[PDB]
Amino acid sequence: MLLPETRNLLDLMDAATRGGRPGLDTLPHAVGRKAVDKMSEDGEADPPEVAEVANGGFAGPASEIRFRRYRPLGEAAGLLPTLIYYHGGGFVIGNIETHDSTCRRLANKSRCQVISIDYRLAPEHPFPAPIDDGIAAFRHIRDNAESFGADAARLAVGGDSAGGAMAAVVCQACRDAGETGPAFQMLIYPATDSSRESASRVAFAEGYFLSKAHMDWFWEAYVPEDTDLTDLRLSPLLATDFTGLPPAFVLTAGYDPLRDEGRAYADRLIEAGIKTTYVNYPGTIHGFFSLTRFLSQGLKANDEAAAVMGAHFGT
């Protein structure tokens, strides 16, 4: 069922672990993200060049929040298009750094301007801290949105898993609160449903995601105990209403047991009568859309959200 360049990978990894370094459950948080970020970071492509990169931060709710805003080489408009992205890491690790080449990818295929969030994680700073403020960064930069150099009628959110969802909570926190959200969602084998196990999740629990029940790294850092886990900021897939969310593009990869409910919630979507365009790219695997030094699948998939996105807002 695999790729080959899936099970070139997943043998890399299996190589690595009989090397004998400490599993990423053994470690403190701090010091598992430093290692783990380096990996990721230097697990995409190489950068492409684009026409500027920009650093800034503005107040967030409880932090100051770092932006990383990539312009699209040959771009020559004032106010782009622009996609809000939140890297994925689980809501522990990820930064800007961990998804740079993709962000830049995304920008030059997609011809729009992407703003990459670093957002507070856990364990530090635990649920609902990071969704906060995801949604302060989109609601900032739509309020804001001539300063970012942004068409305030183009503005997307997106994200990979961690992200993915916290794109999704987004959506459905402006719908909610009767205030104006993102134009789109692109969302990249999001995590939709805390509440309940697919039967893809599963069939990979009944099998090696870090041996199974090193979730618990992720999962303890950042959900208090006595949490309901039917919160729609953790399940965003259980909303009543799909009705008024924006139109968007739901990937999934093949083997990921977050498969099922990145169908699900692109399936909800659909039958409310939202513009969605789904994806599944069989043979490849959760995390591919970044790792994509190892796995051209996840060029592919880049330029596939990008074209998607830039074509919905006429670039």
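Numbering follows the first chain given and starts at 1. Rigid core here is just the name for the largest C-alpha set that superposes within 1.5 Å across the two forms. Compared with the form deposited in another entry:
- Lining up the core between these two forms shows that one residue from 177, 203, 210, 153 moves its Cα 2 Å or more, and that residue is 210.
Structure of the form deposited in another entry, please, following the form deposited in one PDB entry?
Next comes a single chain, given without company.
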């Protein structure tokens, strides 16, 4: 069932709870963010060297959107294939600094450029603000490819949990509005359905790092009181038509509330005739893709994600 390394980390977390570490769901949103942001930074493996890191901003829909570009070791070409990466944290926590090590590694193994986006967070900017920025970021980089050292032909989106949701909504938004969408979508244990509780959401609601308590706390902040839970920007799995979506890589963990909706999305793409890789990492938890200081499986996962995307773009 659980890998030894996964069991060991859940035990260390339980030890810290009994030790007197507060629950994230007990703190106010702004205070809990600062606290968890430092713990996330410290859970990622030591950041590898890349060719070049660039830090900048551009005009968003209703604020400045900050980004970080990562140029991989050994790639001298001007315009590189590019992954636009949306960090996770339930549209409330996380930022560019929390997913830095992961992004550096993706860049090096894929031989692609990675552009990490810093979208607006709830509760200060609730739904639909974080998705509006993610879409604004894709459009800005698509239409200014050369500014970002990006090859417009080979421009990909991706992310983890809420960032995975964001990546999936960006493709659906671009398809539904008739414009040029990404060339590839990388969904790391994404959130694709708010309308229903799957078997995994019920089964792994307690004691597997991402709990129901956490998900309610994010929900409190992200969603204005009376919203249709079946809105495709909250629940992209309920989309009517999956044709004309870009080729997809989808990853799930075994002990992740989100496993079943992750795999359902993959099934919807496969049956609609979209080129699609699907991988399940059983015996590990939500977060493992960036908990790489404690979880070796996370590093192997980054490498599988990077490798598949390099194979698609011929890097």
